[PDB]
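S.K.: Below, each chain spelled out in residue letters.
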Amino acid sequence: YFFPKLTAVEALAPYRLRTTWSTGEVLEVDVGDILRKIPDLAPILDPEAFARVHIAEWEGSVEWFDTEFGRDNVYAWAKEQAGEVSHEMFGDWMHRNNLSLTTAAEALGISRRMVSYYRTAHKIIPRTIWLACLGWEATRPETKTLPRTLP
Amino acid sequence: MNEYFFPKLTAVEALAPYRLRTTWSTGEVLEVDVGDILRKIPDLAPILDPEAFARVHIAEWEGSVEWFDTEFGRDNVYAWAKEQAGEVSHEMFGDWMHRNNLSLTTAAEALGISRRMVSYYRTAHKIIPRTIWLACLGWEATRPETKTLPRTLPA
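Line order of the protein sequences matches chains A and B.
Following the deposited numbering, the numbering of the first sequence begins with 4 at its first residue and continues without gaps.
Following the deposited numbering, the numbering of the second sequence begins with 1 at its first residue and continues without gaps.
Keep in mind the hints are simulated off the structure, nothing from the lab.
The reader is advised that the hints may include incorrect statements.
[As the list claims (entries may be wrong)] Per label pair, the in silico range of CB-to-CB distance:
1) B:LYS40 <-> A:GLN84: 36 to 46 Å
2) B:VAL29 <-> A:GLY86: 35 to 45 Å
3) A:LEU15 <-> B:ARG99: 50 to 60 Å
4) A:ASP69 <-> B:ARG151: 39 to 49 Å
5) B:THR146 <-> A:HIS98: 35 to 45 Å
[To be verified] If the Cβ cut is set under 7 Å, some of the chain B residues that face chain A in the computed set are:
6) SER64
7) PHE68
8) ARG115
9) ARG116
10) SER119
By construction, the Cβ of each residue, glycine as well, lies at the ideal position given by its N, Cα and C atoms.
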């Protein structure tokens with residue numbers, strides 16, 4: 004799952020969006036690259052159709068014609084474009100290392116609850132935690148204790 | 001499917017009746033005769049006056065080629081300009097998709113090209129090569145029920 008709720012979206016100058024969330028966050032995000040990448044999204048490149056952006060009823064997604072972008076993906080891209088670590092980066096770290104909430108928690112030295120919060124975007128990911136994720140990847144396998152230097 | 005037309009009409013100039021010169025955001029400068037279409041729509045008869053024709057411009061906001069009232073959509077004018085030069089228009093290509101009930105997926109599969117390239121051709125983002133249009137017509141002539149294509153046309 005994904006914790007934040009989208010409460011507003013507004014089109015700026017193509018192809019930038021302003022998104023407002025239940026967390027009180029107001030985040031901007033450029034969706035130009037994805038609209039140019041995916042052929043099916045071509046009608047949205049027309050500046051009059053782009054301006055038509057709204058929240059979809061059922062799904063809480065960013066929509067022009069039909070639920071184009073899940074709110075979770077939009078939230079991650081905004082974090083990433085802003086130079087922060089997104090819940091998707093954290094999820095990718097877990098998936099590529101075949102970690103559960105439990106083994107991720109043990110990997111990082113934090114609680115299971117905290118791992119869940121990071122993966123669900125319930126809590127923003129500190130720089131410290133992402134450095135730890137990479138540090139953990141750089142020190143595999145699990146030795147008896149952590150090394151004094153990088154291998 | 002919804003429509004997107006990539007080129008923007010950036011200038012229109014009345015030449016000798018009834019030819020126009022059109023400039024586009026693609027860099028293209030294309031001439032096109034509209035005399036035949038004007039003659040076929042009784043409501044457009046006043047435009048046939050050389051003085052009236054000379055007053056062609058781009059419609060405020062709406063963007064069509066206009067004399068009195070948004071007469072020709074820029075996308076149609078672009079298509080006619082291509083067709084009159086003996087080139088394949090995005091409308092010919094879109095008509096081929098439409099009359100065969102094709103999507104980006106089934107058109108791409110039909111022709112053996114990418115969905116992106118189908119979209120580029122459809123939306124006038126890329127000029128359509130002669131080879132591609134011949135392929136559209138060949139596919140229509142055989143409409144293969146399998147992936148494998150026949151050695152000859154059907155009888």
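S.K.: Decide, hint by hint, whether the structure agrees.
M.R.: So, going through the hints one by one against the coordinates:
In this structure the supplied range 36 to 46 Å is violated for B:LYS40 paired with A:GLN84, their Cβ-Cβ distance being about 52 Å. At roughly 44 Å, the beta-carbon separation of B:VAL29 and A:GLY86 lies within the given 35 to 45 Å, and the hint holds. Remark: the range hint 50 to 60 Å for A:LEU15 to B:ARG99 is contradicted by a beta-carbon distance near 40 Å. One distance hint, 39 to 49 Å for the beta-carbon pair A:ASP69 and B:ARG151, holds here, with the actual separation near 43 Å.
Separation of B:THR146 from A:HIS98 is about 39 Å and conforms to the stated range, judged on CB atoms against 35 to 45 Å. A least Cβ separation of about 14 Å between B:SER64 and chain A goes past the 7 Å threshold, and the interface hint is therefore violated. About 23 Å separates the beta-carbon of B:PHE68 from the nearest beta-carbon of chain A, more than 7 Å, and the hint is not met. Because the closest C-beta pair between B:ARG115 and chain A is about 5 Å apart, less than 7 Å, the hint holds.
Among the interface hints, the one on B:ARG116 holds; its C-beta lies about 5 Å from the nearest C-beta in chain A, closer than the 7 Å criterion. Interface hint at B:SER119: satisfied, since its Cβ lies 4 Å from the closest Cβ of chain A, which is below the 7 Å cut-off.
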